[PDB]
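Participant: The lines below spell out each chain.
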Amino acid sequence: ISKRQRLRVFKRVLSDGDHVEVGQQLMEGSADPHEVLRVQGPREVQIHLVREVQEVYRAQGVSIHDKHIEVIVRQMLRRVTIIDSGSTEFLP
Amino acid sequence: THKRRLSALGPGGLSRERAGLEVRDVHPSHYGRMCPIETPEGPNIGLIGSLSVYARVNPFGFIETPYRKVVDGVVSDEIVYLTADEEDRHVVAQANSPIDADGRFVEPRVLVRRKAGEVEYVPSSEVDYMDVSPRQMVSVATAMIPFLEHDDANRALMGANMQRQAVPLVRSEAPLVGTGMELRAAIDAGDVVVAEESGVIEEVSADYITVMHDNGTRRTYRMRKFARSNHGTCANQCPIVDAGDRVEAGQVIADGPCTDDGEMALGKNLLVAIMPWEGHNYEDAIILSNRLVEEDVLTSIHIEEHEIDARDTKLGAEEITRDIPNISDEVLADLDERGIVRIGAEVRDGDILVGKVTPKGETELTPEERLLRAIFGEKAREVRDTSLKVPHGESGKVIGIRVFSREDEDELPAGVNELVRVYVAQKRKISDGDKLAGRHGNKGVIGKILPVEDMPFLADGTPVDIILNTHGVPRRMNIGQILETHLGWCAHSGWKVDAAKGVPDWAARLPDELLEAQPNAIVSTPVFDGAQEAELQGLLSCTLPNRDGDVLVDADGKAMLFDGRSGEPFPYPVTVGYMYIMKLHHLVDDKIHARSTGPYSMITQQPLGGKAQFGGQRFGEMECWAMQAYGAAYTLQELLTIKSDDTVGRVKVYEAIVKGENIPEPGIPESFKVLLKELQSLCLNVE
Amino acid sequence: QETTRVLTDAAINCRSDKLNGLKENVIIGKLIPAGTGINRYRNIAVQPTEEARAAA
Amino acid sequence: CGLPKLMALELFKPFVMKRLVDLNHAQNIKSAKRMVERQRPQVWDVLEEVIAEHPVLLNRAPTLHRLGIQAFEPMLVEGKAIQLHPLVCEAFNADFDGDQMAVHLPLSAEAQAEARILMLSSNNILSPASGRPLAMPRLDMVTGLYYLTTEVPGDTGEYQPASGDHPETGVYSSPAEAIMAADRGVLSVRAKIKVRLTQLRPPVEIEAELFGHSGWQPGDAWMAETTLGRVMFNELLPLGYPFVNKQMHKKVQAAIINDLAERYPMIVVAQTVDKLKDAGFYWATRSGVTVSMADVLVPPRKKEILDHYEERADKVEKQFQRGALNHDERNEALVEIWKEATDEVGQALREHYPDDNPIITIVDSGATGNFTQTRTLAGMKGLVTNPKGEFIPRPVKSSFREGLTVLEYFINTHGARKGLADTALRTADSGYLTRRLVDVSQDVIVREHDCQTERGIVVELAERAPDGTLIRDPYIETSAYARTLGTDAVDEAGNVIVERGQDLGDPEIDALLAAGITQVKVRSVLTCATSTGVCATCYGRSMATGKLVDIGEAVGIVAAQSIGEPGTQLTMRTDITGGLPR
Amino acid sequence: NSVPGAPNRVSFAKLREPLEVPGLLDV
Amino acid sequence: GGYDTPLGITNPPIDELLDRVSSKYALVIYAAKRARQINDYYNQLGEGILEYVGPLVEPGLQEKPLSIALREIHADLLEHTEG
Amino acid sequence: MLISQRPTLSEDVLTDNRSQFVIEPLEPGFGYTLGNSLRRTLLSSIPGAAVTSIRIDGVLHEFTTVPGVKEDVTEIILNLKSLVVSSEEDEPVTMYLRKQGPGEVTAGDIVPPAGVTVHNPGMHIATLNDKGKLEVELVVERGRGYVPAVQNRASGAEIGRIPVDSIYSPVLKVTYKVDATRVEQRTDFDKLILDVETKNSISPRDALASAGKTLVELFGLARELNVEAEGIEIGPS
Amino acid sequence: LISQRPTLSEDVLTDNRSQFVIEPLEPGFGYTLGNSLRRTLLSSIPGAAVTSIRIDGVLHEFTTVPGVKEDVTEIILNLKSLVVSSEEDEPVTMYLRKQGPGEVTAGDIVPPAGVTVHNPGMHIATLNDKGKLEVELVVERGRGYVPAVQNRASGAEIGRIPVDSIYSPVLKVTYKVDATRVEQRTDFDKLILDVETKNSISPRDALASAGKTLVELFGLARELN
Ligand SMILES: [Mg+2]
Ligand SMILES: [Zn+2]
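Protein chains in written order, with PDB author numbering: chain C, 1080 to 1090, 1097 to 1177; chain W, 450 to 1136; chain L, 1227 to 1282; chain X, 441 to 1014, 1023 to 1030; chain E, 30 to 56; chain D, 27 to 109; chain Z, 1 to 237; chain Y, 2 to 226.
Hints listed in this document are in silico derivations from the structure and should not be mistaken for laboratory results. Here a beta-carbon is modelled for each residue, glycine too, at the ideal position from N, C-alpha and C. It is possible that some hints are incorrect.
Label-pair distances were calculated between CB atoms; the ranges are [claimed, not checked]:
{"no.": "1", "chain 1": "Z", "residue 1": "96", "chain 2": "X", "residue 2": "599", "range": "28 to 34 Å"}
{"no.": "2", "chain 1": "X", "residue 1": "867", "chain 2": "L", "residue 2": "1275", "range": "51 to 57 Å"}
{"no.": "3", "chain 1": "W", "residue 1": "831", "chain 2": "X", "residue 2": "867", "range": "58 to 64 Å"}
{"no.": "4", "chain 1": "W", "residue 1": "692", "chain 2": "Y", "residue 2": "119", "range": "28 to 34 Å"}
{"no.": "5", "chain 1": "W", "residue 1": "842", "chain 2": "Y", "residue 2": "117", "range": "42 to 48 Å"}
{"no.": "6", "chain 1": "Y", "residue 1": "119", "chain 2": "X", "residue 2": "714", "range": "49 to 55 Å"}
{"no.": "7", "chain 1": "D", "residue 1": "84", "chain 2": "L", "residue 2": "1276", "range": "19 to 25 Å"}
{"no.": "8", "chain 1": "L", "residue 1": "1265", "chain 2": "X", "residue 2": "501", "range": "31 to 37 Å"}
{"no.": "9", "chain 1": "Z", "residue 1": "135", "chain 2": "X", "residue 2": "638", "range": "26 to 32 Å"}
{"no.": "10", "chain 1": "W", "residue 1": "547", "chain 2": "X", "residue 2": "775", "range": "27 to 33 Å"}
{"no.": "11", "chain 1": "X", "residue 1": "867", "chain 2": "C", "residue 2": "1113", "range": "27 to 33 Å"}
{"no.": "12", "chain 1": "W", "residue 1": "1018", "chain 2": "X", "residue 2": "658", "range": "35 to 41 Å"}
{"no.": "13", "chain 1": "X", "residue 1": "715", "chain 2": "W", "residue 2": "478", "range": "56 to 62 Å"}
{"no.": "14", "chain 1": "L", "residue 1": "1276", "chain 2": "X", "residue 2": "876", "range": "50 to 56 Å"}
Next comes chain C alone, as it looks inside the complex:
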């Protein structure tokens, strides 16, 4: 964690020994969507992806309704991976 990165500020900046939650962002910047799916399940990864795209488009004062963004997010999270073959034709 490089010294060019700064700590996350919430409610004050992060201290030592501070009790943090499950999906709390430790540093300051952009969280990885692959990890936030693994930690918080597929529900929060819909919330974080919809809010982060809207936070870019509303900076220029452009309004897109969220049902236009939820369509693309639904097409992303279709498939699952295979970690056990079972006994039916599915490669790990």
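On the provided structure of chain C, position chains W, L, X, E, D, Z and Y with the ligands as indicated by the hints.
Facilitator: Chains W, L, X, E, D, Z and Y with the ligands only, in chain C's frame:
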């Protein structure tokens, strides 16, 4: 400006995909070596620029720039040409620094440019170089914009680009307000006949001038009456000396295409008002009076050529002749005896220029054709007619027929027998749709040509000529057009500064013989050192009347127009003045196109492309996305099957339209069949 | 995108298209399954009503 | 739409061939085709008959989104230019600087009905992205309506309640008498009068005050202290609309067209928009918005402000010269000082101007522009960026009215050329992103009417104030409007306020906020339980119509176009990406 | 000035310049 | 229903049309198949009469068949069933 | 010379007295000339008669309201201001109205002297109550156009007589626009569309005929300089 | 009620411009009256102009005659400033012949009967010893402005050069009103019309023809009744 052009790309240079973002920037070592304004504005921005005014190329290929050397705070007049490294070694002062008329600086703190492009103030002992002039950092065509120091950079870029696309009119009047760079940039472009050696004029006409030199000899200069340029514009050269005058070595002796009395002239001076008028001048549209169509103010001559060649073939030799088969005697009236047209025949689209016939060969006939030829008794006429017809949407006279031959021993290419070129010329007026522009990047097509009487006039009865729009000025930061309008009105009416009790406070730094000027006088504000705003106010206050005692324009620069249509005066005073606009080469007659059914492609069976052929428009990917996003599917099936590729579908659509039946249901496209055959030929079984 | 690398392993697995999406009907030139192309709207019977039939 | 006859004669050639064969102007198709080619003077008289009631499509390239192709009714127009309506320019994104537009033509009855019903120009008023109207009054119409509906205190012929000498001399019997007294030089359009109105519906307060319940207007009478201009404006709006009585800013016109298109049929909205364009242009000419360099005023205390900030800049430069701080700290100190000076000069310039200056009227009426451009016109240009993106501590102190100098112009050209190249590069990148999204989301179409699921996401919806109220969340129009309630909404073990499966427009949102609930479980296309493509109640209300979405819509391509359309306008910044590559 | 057939075009230029413009096709 | 008198293409008002059908795509195929029926009536008029039925409402001077179809729809003179 | 296409005048009556007139096809440009000239001549050139000054007992300086009646002074004033009346005497005549007892005074309560006609007696004017009595003297004279409130230059000639505006014009609201008939065959001819709405005093076609009658005299003024000067003639009817 | 009628008097300033004053009008009338008279005066006064020229040595417009300084397009642009008043509606022809040195003026045109040229001091072209100019011109009536009627629609030869024509004898027309607006409400206007004609017809005749056309067109409203 097509010469003196620097391009970063080409053979041995980077392409436009290898062109990074860093190479398109303006490095601070461009001051005086390359213009930061003048560049194309498409995808090639920053890769192509032009040289500056005083710049000079090194022996090694670097770009040198002059500088006045100053020794111990005493500005000398020795001039040292300096490249970029030596320009970094020293420090270099400003152009319009207050010299004390001795070589000394007025203030001890002068603006300066440091090594890495830093801009600092400095005590005046350290300064060892000074610029030669303002407008050193700028190009040729950008130094012809008046009031450049008030505009932005993007609209100045658009003005410098659109200044060179002006067309030559028939009259070509010099601009009222300009810079000093018209005379030099016109006599140095070589398109003006310049007397090589001094003497006296013997003989003038519209073709040739013979001066008489000081020692016996004479010299004929031949003009160019209506030569065709490289893009279809006229190239007239009329003389401007009379039969008794005395010319000196270097005097302008004949105008060029876009010149008037030597200097450049790209358009006309037109009265303008800056009100928005009934939504016709809405969102960069320009309305005009009918006086410009009537008095031929804006009218260019365009000259095109058509070329055909009689050559040999397998079956015989094609001949240029009057006897064209299956043709009437109505179209054979304008043709003369050897097949080509006469000189002066006004032609329309689809008429015969050169009557050429090919040996057809042997073909079998349909029985209906056979019995129709038996019914009317007409013969076979075994040679096929392929003439040169003037293409779609063209007209005008026929100027000149330059016809080569083989028998007269001309250098013709191998296998050709007779070459012939016909020159058609038309006289285009102005029209709604044509693109007009000023000198500050305020472009805009012509919205509606009003008649003369429904055009808002002054309190004198003088109608305005064009009407610009208000909302396009303040959001584009190009109020140089408003300053040029004010100073143009001052230069048209003429002024007289009343120095009865002393020269007034605004004009204390004006030159002499600018305290008063005649009407229709010319002035010249240079680029970065010109007419101040306070001097503009002072000139606009004292603005001597027209014919009566009538000051039509008050001190604000505005006038009280009357509505030419309703009748009542407009309730607020409106800015008027004399602007300078040019007619660009974006006319409508080179853009309007249509197609019902024309030619088709070779490998695939789509229609062809472009106005040069007949061609149809491109219904690309994103428009298919829009048609899908509507839910409209039947129109997509139409446009993708029975207008482009259904080879048995097109003729059924045409027959159904002509007979008046419903359109049949479409079929598969031939482009898909070609896809299938290529996939089968790549060893891929596609069933 | 990547027309070669899609096509070469599609031919290995003997993958058979079903013409069910939206881009393939645009390619082969049949009527797309969206908007006025679906079976609910493409198979509408249109006839005059019986009362207006008798009045002519 | 306009159409040149020299182009429509080539578009409609077989139709006109059949028609002039049918009228015995030619013996057969061959002489008819030669008659078209020679352009004989009866083919125009046939061309009008074969043109009338036949829609054509008008393309504009590039086609960013769904409203880039609309279908018009042609009519024959002289000349050679495709005449366009001045309200579809915003949807087409076309100015008149020489832009070309391609015209297509449907043939069969199915495609003719598709262009007559689906893609007609008077049926697409709203936008599919956000649901705001895109046939709203633009530049000159906005300035005209703002001048027509503003009110000047103390104009010619106001209402002064008098005593002793005379009565008030401000009232009128009817707007016809008001128009006669304004045609004579007594009344100005923008003075506060008291007319008596009969065919304009009063607002809610005066309706419940005078008439109570049955305030049907067209024979009733009531007095109204307004101008003449707002009466003339409210005559444009339909009969059922209440009397507005405001000052028509662009946002007020947006709200008016939004309400009028949510509550009324579409043809009323189209005719209202047409009338508004007419009155806006006609009063835009008479407004007197002109630019002259005497109308660009400069602040009077510019030199004192520049000298006071120059002294502090001299102090920072002297401290850097004395070695007390390095190069970067003095650069940051100079950047801060001159940013503060730029804001100060902008403040003094803002307070110096009057309200009826053409520049400040064009800005503050929402027609075009913003105050930074006026600050750079008169005032101070400010700090200019670098080729790298830093801030040069020189900054330009000259306005574009006083004229810049040589080095300041050369400093400005860096940022100008940088922005101009970045625009084209970003436009190509946004085109690639839209091309990716359309291909990905292409198989999401509506298939059923109701998936009958019970899942659904939640919505924050006006979070609780700490003092204790319901402060409204700012983004409710883009996160909770036009959706369907997945569950019920109840509070305090009381009655349900909005039930399961409602459209959830503005009155129900106001009912929820007034009844004091905050979180609702809404139904959306992330949890739609259909097999292939979404259902219809999960997608909710469509933005372009206002009703429920249909059972054949291509909502995937609509969503991909609405996301990837405005990517050109996305700025960027001077180690997290904050624009289009984010 | 210094071109023998020049039209008298009066200038608003405040400051003299030492060097005239070189020949523009010299490169 | 307090609009002005319409003209041209939009002479049957679209909001008065869309109360007869479910959605706009059904209205499109409705009017298009009625127009195909009407044009097939006109072309087979010179020969023997078939089951195709003519324009029920009185046509214009020279009207397109699709406008006759739309006015027959707006006059509530047809009936249709989906698929 | 000849016009080469004779224009015509045709009406299309909307209400009892609100008609629109369409004049077609005029050669290009003339539509705006004759349209705005006809509009100004409709408004400010047809003579009529209207109320000029009223006076009512109980009013000396309290200009707010009077006792006995419900609606105040200003509502009675703008009820009397739109009261259609014709006359025959250019000198100012007076009219009297008086009513006691509660009820509704209408325009039929008034009594016209010899030479004035009231054209809508069933216009509600006031509402008497509490057995009040109203006694208002009117001053009716005839004029043209629309004069504003003529100021009381005489200070104390009549303490009760307060003046009003006077809608002398028999029409109220005239609007117009042009159009673009037949651009291709005969090069963009114009089509004027008038729209006149009057009182019930005279019909719109009679108003337009009287305006044409005075306008042709006003231009026959300019005609009577050189009578044999060639201009465009339309020809026969 | 004003029971007085307006009159129209005259005011000469120079030979080809004069002033006309109308009083007393109703208030708000003078602007509309002057604008109607100006909109007719500036457009619909019938005059006469040249229509097509024919020079002997040339065949089209874009050439030059041997000897003269101008080319044929410059002689066209000079001849478009001709001021000529015809007499009959049939197109008459006029001639111009000049040989040898000198300057060709517009007074060198010899007119036929009826027509006359009002500006003999207009310079057309110049000549030397090598030059010899010979050109016929066609004079025709009409009104308004009509562009160059093409050679193919007519039945003329190759030598005929069609020229634009502008038939309007009026040059500059304006007005100003004098609203008195007294505070006794007996107010009126006072129009002052200012005609300037281009020496072919008098402003009296221009105003008489404009009044005749207005009396024609405004009689249409009174006629149907
Ligand atoms: Mg554009
Ligand atoms: Zn669902």
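Participant: Against each hint, give a clear statement of whether it holds in the structure.
Facilitator: Against the structure, the hints come out as follows:
Take residue 96 of chain Z and residue 599 of chain X: their Cβ atoms lie about 31 Å apart, and the range 28 to 34 Å holds. The given range of 51 to 57 Å is respected by residue 867 of chain X and residue 1275 of chain L, whose C-beta atoms sit roughly 55 Å from each other. Remark: the range hint 58 to 64 Å for residue 831 of chain W to residue 867 of chain X is upheld by a beta-carbon distance near 59 Å. The hint said 28 to 34 Å for the Cβ distance between residue 692 of chain W and residue 119 of chain Y, and at roughly 30 Å that hint holds.
Taking the beta carbon of each, residue 842 of chain W and residue 117 of chain Y are about 43 Å apart, inside 42 to 48 Å as hinted. Remark: the range hint 49 to 55 Å for residue 119 of chain Y to residue 714 of chain X is upheld by a beta-carbon distance near 52 Å. Separated by about 21 Å at the C-beta atoms, residue 84 of chain D and residue 1276 of chain L satisfy the suggested range of 19 to 25 Å. The supplied range of 31 to 37 Å is met by residue 1265 of chain L and residue 501 of chain X, whose beta-carbon atoms lie about 34 Å from each other.
One distance hint, 26 to 32 Å for the beta-carbon pair residue 135 of chain Z and residue 638 of chain X, holds here, with the actual separation near 29 Å. The beta-carbon spacing between residue 547 of chain W and residue 775 of chain X, approximately 29 Å, falls within the hinted interval of 27 to 33 Å. At roughly 32 Å, the beta carbons of residue 867 of chain X and residue 1113 of chain C sit within the given window of 27 to 33 Å. At about 38 Å, the beta-carbon gap between residue 1018 of chain W and residue 658 of chain X stays in the expected band of 35 to 41 Å.
Range check, residue 715 of chain X to residue 478 of chain W: Cβ separation about 60 Å, and the 56 to 62 Å hint holds. A hinted range of 50 to 56 Å holds for the C-beta pair residue 1276 of chain L and residue 876 of chain X, which are about 54 Å apart.
In this structure, every one of the numbered hints holds.
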